[PDB]
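Shown below, as C-alpha cells, is a lone chain in the form solved without its partner chain; questions about how it binds or moves come after it.
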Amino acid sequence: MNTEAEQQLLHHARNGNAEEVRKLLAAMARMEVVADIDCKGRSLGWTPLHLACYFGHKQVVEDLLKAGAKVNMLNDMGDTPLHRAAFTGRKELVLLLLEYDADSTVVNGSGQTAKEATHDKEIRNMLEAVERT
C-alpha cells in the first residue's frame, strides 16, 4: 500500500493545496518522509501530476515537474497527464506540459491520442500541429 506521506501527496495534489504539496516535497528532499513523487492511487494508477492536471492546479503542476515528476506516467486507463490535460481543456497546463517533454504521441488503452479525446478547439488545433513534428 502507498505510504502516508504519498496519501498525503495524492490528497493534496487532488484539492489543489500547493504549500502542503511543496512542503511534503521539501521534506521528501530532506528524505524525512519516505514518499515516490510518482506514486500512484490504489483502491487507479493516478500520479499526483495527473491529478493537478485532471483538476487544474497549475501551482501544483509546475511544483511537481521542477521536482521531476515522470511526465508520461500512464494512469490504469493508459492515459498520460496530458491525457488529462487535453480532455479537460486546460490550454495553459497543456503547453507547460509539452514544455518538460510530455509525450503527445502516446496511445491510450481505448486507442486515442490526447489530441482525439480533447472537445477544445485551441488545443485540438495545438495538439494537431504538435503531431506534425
Second form
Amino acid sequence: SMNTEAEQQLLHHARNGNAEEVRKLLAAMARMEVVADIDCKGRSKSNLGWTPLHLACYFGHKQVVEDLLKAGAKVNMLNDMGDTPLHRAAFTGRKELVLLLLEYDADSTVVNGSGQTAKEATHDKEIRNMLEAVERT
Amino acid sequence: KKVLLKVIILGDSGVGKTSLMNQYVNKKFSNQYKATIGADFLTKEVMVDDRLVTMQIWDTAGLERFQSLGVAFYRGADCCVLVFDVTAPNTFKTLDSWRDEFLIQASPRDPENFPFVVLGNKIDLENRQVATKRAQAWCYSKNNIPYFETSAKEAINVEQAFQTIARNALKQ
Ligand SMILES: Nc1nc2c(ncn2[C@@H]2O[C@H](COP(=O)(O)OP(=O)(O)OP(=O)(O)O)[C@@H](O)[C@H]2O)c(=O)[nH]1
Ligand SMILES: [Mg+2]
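Now that we've seen the form solved without its partner chain, could you pull up the form solved in complex with its partner chain?
Full assembly next; the chain just shown is listed first.
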C-alpha cells in the first residue's frame, strides 16, 4: 500500500506540532479538495504504524490533538505496538491530553502488545488516579 | 446577462448556518449535527425582482480555530449573513467581531453600506434567551442592517431572508 501526499503532510505536521498546517489540511479534507484519511497510519521509518493522533499525543502537541479530535479522528486507533493515543499520552505523563482523550470517550481498558493498559504505562500519580476512576465504569 | 452573487454565511459553531443553507437550497433539514471544518459553497438559481441570478452561498466553520481559514474566502463577497442562536446569548455577543473581521478582511470599498443580513435562528425552540428587541437594536445601530428571525427546522423566514439577501447583494 501507500499514503497520499496529503496524508504524508498530515503525519509530518501532526508529528511536528504545526497546528495551523494541520488545520489547513483538515479543512481541505473536509470539503474533499484533497484525499486523506484522518486515521491514516505512517509508512516511513519516522512514523510507521502511527496515526496523526498518536504522533501528536506522544510528542505533546495539544492544539493538534484537539483539532484532530474535533475533526473526527478515531480515538481508539492502535499502532504496531498495540498502543492507543491514550497509551502514549499517559506514558509521556501529559495530564491535559489524557483528560482531553477521556472527554472524547477514549477506551481506558485497551491492553497493548506489552500487556499494559494506559494506567500501567504512566508514572504520574494524577493520571494513574484518573484512569483508575474511568476503568471501574 | 448572467449575474453570480457571492454570499458568505458567518456565525458561531452550532447556530445553524449549514442548516439554513441546506433548507434554502435543498428544502431539507436534519437534527443530526456534523460540524463544518472547511469552507465550501452551494449554488442556487434565484429569481429576484424579475431577474434571474446565480447565488453562490458559502458555508464556513464556526469552530474557534478553523474559522481563520474561512477568511481567505471573504474576498469578492456581495453579501454577508451573520447568524446567531436565539437560545444562546454567547452566539449573539460575537456578532461585532464577526462583522468587523469581515469588513477589514473582505475590505469593500464602501464599508458603511456593505450588505449585511442578520438571522436570529432556532425560534422553533423553547426558552429563547436573546430578546427580539435586543437583536433589532444591535442591527439598527449598524446602519439599519435587516434582521430576520428564522427556523431552519420549520422553514420560517428562510425564503424571505434569502430574498432580501439576494436583493441587497444585487444592488449595484
Ligand atoms: N430546533 C432547531 N434546530 C436547529 C435549527 N437550525 C439548526 N439546528 C440544529 O442545530 C445543530 C447545529 O446546526 P448546524 O446547521 O450544523 O450549525 P452550524 O452553524 O453549521 O455549526 P458549525 O458548522 O459548527 O459552524 C444541528 O443539530 C441542527 O439540526 C433550527 O432552526 N431549529
Ligand atoms: Mg456548519
